Amino acid sequence: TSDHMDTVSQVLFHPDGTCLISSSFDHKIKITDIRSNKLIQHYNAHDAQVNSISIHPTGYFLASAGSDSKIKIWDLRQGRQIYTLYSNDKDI
Amino acid sequence: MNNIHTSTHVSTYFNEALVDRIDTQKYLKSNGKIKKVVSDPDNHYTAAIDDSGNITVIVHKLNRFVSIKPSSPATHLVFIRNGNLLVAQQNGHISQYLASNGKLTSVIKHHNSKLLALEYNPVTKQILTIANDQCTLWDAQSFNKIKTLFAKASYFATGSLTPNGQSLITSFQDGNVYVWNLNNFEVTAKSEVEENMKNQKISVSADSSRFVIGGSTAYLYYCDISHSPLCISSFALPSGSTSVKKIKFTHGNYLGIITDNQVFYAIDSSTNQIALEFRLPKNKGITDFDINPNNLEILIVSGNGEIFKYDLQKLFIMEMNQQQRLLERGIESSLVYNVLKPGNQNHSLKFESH
Amino acid sequence: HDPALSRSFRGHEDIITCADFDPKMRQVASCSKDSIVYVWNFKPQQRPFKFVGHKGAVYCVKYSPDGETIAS
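Chains as they are written, first to last, in PDB author numbering: chain C, 213, 227 to 317; chain E, 1 to 354; chain Y, 35 to 106.
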């Protein structure tokens, strides 16, 4: 609580299995490392009933999904949200 | 002695350069006249409501129509991309028909209200109903519910969804305008305001960076998310406005307005000034509107019984020209439009939102 | 440089919770919230397989890196 509110969603990893990624019902992704359980940024997520995620294989993109039907993609090499996607009815 | 007539700001504009006609002889069969317009988010299936109330979907390429047998009138219609019609009926229920047949498929009920104002978000699959003291949010397929927003006392006036994105804004009689996490039932943004307004409605842009509030008092409020508070300012209206009955957003930075002086207006929110002014003969009159955004194809229902028959995009030509001829002289738009100046905090609907 | 929704899995009954892929590029596995998972490919003339199991919801399906076994 690394701050999450409820039932945590998918936990993802840096390509090397480090810097794990998590969010839950709370609208934020935390990217935190292993043992050295330190945060690099708050990857604010969707205001979803619940969120969801996968990260592009290169570890560059956080695909922020969730129970609501807005979808957005993050660029981890920048730390910006790239943008909120058109989405067009997708509670991914 | 004395008041204003006749039809010079409306039927003369509306029918200026048509390529077809609503041959109203085929529609106004009631002993009586057309009273209200409700309409299609997919634009083409706009519909007429007469003093009987049967909804006639006017199909503006066929000069044919869908006669919906039940006489119950709509507050507004919602249609989806797949061919269905969701009718917010004035009977307290929302009734879905195959749009393609006028064939009843289902009814959404839970509401106890006279009004069920609808808005449909085609990019969320979500339809919202504004009714009585609640907002019902539901899956646009319309066979279940998502949430019932409500309050302990402040009574509800309005709210809406965002069609090319998503965020839910609602307001109370208090004028308090606030933003919801529509999927968590969270008020994430809150306001307390000075201007209380009866029967106010919130117009929500498809990309809801911008919002507008109407209501029983003669004011209009405009929001812009790029600035804090989201509602940064308020302003009073062109002389003669008494209240605002209906406000709706279009594609450009614009909203249609119906006031209770029955004059309709088109407002440019980039400046908060009126582009178009619409007037009809004494009662008779202008009663409601339908704006279809790509060209602003319009269905207008006038108390004069005429069913229009126009595109605002085409009417804007007259206030594109005119103004551009005057721009050769250098006429100022803030006067042409009547820009409505931001006022005091004493009557604002100022609202912080993120 | 487009999100590129291409062509969806037409026919998914309702209620969808996941997907994974066979890196042949590709066969797609997907799963519903009730009794069913699907596996199909492009060359769209190809037809999907409808698998029955997971009488309750199925939340996730996954393929081995060779696109072989699909755990569900």
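Derived by calculation from the structure, the hints in this document are not laboratory data.
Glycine included, each C-beta is placed from N, C-alpha and C at the ideal position.
Hints are not guaranteed to be accurate.
When the alpha-carbon atoms are kept at most 27 angstroms apart in a straight line, the in silico DSS-like pairs for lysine-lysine are as follows [said to hold, decoys possible]:
(1) 35(E) x 198(E)
(2) 315(C) x 96(Y)
(3) 309(E) x 35(E)
(4) 77(Y) x 315(C)
(5) 77(Y) x 253(C)
(6) 284(E) x 314(E)
(7) 297(C) x 190(E)
(8) 314(E) x 26(E)
(9) 61(E) x 109(E)
(10) 253(C) x 145(E)
(11) 29(E) x 253(C)
(12) 315(C) x 125(E)
Stretch by stretch, here's where chain C covers chain E in the computed footprint (C-beta under 8 angstroms, at least three residues) [to be verified]:
(13) 29 to 40
(14) 109 to 117
Here is how each hint holds up against the structure:
1. Proximity of residue 35(E) to residue 198(E) is assessed by CA-CA distance (about 22 angstroms); at most 27 angstroms being required, the pair is judged to hold.
2. Taking the CA atoms of residue 315(C) and residue 96(Y), the gap is about 21 angstroms. The hint holds against a cut of 27 angstroms.
3. Distance restraint check for residue 309(E) and residue 35(E): the Cα-Cα separation of roughly 15 angstroms lies within the 27 angstroms cut-off, and the hinted pair is therefore satisfied.
4. At roughly 25 angstroms between alpha-carbon atoms, residue 77(Y) and residue 315(C) fall within 27 angstroms of each other, so this suggested pair holds.
5. About 39 angstroms separates the Cα atoms of residue 77(Y) and residue 253(C), which puts this hinted pair outside 27 angstroms; it is violated.
6. Restraint check: the Cα-Cα separation between residue 284(E) and residue 314(E) comes to about 24 angstroms, which is no more than 27 angstroms; the hinted pair holds.
7. Annotation: proposed proximity of residue 297(C) to residue 190(E) holds, straight-line Cα distance about 25 angstroms (limit 27 angstroms).
8. With a C-alpha separation of about 25 angstroms, the suggested pairing of residue 314(E) with residue 26(E) holds against the 27 angstroms cut-off.
9. Restraint check for residue 61(E) and residue 109(E): not satisfied, since their Cα atoms lie roughly 34 angstroms apart, outside the 27 angstroms limit.
10. Using a Cα cut-off of 27 angstroms, the hinted pair residue 253(C) and residue 145(E) holds, with the two alpha carbons roughly 26 angstroms apart.
11. Between residue 29(E) and residue 253(C) the CA atoms are separated by roughly 58 angstroms; this puts the pair beyond 27 angstroms, and the hint is violated.
12. Restraint check for residue 315(C) and residue 125(E): the C-alpha separation of about 8 angstroms stays at or below 27 angstroms, so the hint holds.
13. With 0 residues carrying a beta carbon less than 8 angstroms from a beta carbon of chain C, the stretch 29 to 40 of chain E misses the three-residue requirement, and the given coverage is violated.
14. Residues of the stretch 109 to 117 of chain E with a Cβ under 8 angstroms from some Cβ of chain C number 0, which does not satisfy the need for three, so the listed coverage is violated.
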